[PDB]
Amino acid sequence: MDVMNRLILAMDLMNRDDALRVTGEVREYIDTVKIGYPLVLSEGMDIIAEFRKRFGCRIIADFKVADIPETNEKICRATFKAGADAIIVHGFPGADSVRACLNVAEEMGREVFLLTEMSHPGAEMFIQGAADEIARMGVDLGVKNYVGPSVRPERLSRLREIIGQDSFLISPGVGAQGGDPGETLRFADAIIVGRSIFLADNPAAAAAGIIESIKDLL
Amino acid sequence: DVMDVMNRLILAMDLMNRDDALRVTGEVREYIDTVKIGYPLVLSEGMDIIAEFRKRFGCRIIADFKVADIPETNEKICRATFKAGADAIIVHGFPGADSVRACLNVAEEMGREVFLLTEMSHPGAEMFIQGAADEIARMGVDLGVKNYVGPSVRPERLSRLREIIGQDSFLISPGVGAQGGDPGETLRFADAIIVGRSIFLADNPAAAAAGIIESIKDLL
Ligand SMILES: O=c1cc(O)n([C@@H]2O[C@H](COP(=O)(O)O)[C@@H](O)[C@H]2O)c(=O)[nH]1
Ligand SMILES: O=c1cc(O)n([C@@H]2O[C@H](COP(=O)(O)O)[C@@H](O)[C@H]2O)c(=O)[nH]1
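Residue numbers (PDB author numbering), protein chains in the order written: chain B, 9 to 226; chain A, 7 to 226.
All the pointers check out, no bait thrown in.
Listed next, the stretches of chain A that the computed footprint assigns to chain B, with coverage defined by at least 3 CB atoms under 8 Å from CB atoms of chain B: (1) 40-51; (2) 68-75; (3) 102-111; (4) 121-129; (5) 132-142.
Note that these hints are calculated values from the structure, not bench results. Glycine residues also receive a C-beta, built at the ideal position from the N, C-alpha and C atoms.
Construct the entire structure; sequences and hints are all you get.
Now the structure itself:
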């Protein structure tokens, strides 16, 4: 997966007008947008097709799928029908739930990203202790795409070690949550950035600035 | 101090087609006044489906969104969900206390309820969730969570969850019917059972619901 400027926009604005305007403002800097439930639940799944029509970007549906296998399959079907190129799945609910997602993705020509460890403080309670094993489970299942936390580079590095250099790894928590763009790209293929761009006075200037700071990694 | 679930039976409406979802829910409305709507239906038909159910049936709506993000995003998801008219939302506990608190804070501000999912009913739950479930439940109690979800298919685990949360907490339980859980046995511990496929895929969903209710008649 070739992500322009190694930068994925997390578009979590909840207003269609603002989301389209801001994305348009930064479109020259990205070709990959992560769309999550804040936008989808506020404006509908039709927003995905609208982004493809306007921007011709790839779309990662950040739905943190975390149900039983039966329901996971339905969620993935509905999501790929709406035009998502990929979907993010939690690993914590175990292997059968992940495999359900992998099956639908294969059927529809899409990718699954496995969320290992998360970036927020609460991740330390239960997720962090399971994260290495979740990553190994991903390897066992043939998962090739992973998500891990920018805010804990030692954990992100360990995740990279587990999955190998051939796997694709993207990482949120850059900017607002304190992660550093350059340090994160030591280990991740691409960084995910939301508020640092979309809440900025000048979103285009914010995006440009982040890219300038990693210019030599591109 | 808890929602009054008619017949102790909650419909899991996981049909993905608006016409079928509406038809089946209409057919069982005399037996059930509380409906669980999840992402299969919402991602297929939009959040306005919640409005449509309220308009047609006047049923309570539990949004089964298994919220499992960072606190910032959890807040936004809860806000959007309550704005659409959901009475309650289901939240995962495994992402930890700050993520749960974020949902509780929005629910408090907006006058709605959070249900905390503590262990799940599928085989995969044994890998990571089961080992964390007792602590997730205890965390819920510490945070002031009053409503919980736990699995019908592991009666020993459901019983332990009930112990942890106490008799005053509200507990609902899926996995009844299609996944093998027994209505009566489950209601030893849960306030209400959640049933999906064994009602909505039945030739006669009303008869399926009526039959389940007949089987637990002495527990109502
Ligand atoms: O561990 C994780 C996994 C995520 O998907 N995310 C997501 O990545 C984005 C981060 O946005 P921001 O740059 O504003 O902090 C949000 O959409 C959030 O839901 C995260 O922050 N941490
Ligand atoms: O542990 C759990 C938690 C759930 O929410 N569920 C949900 O409960 C419902 C079960 O439906 P069914 O009766 O068709 O098996 C589904 O909506 C599923 O997503 C579950 O099955 N197990």
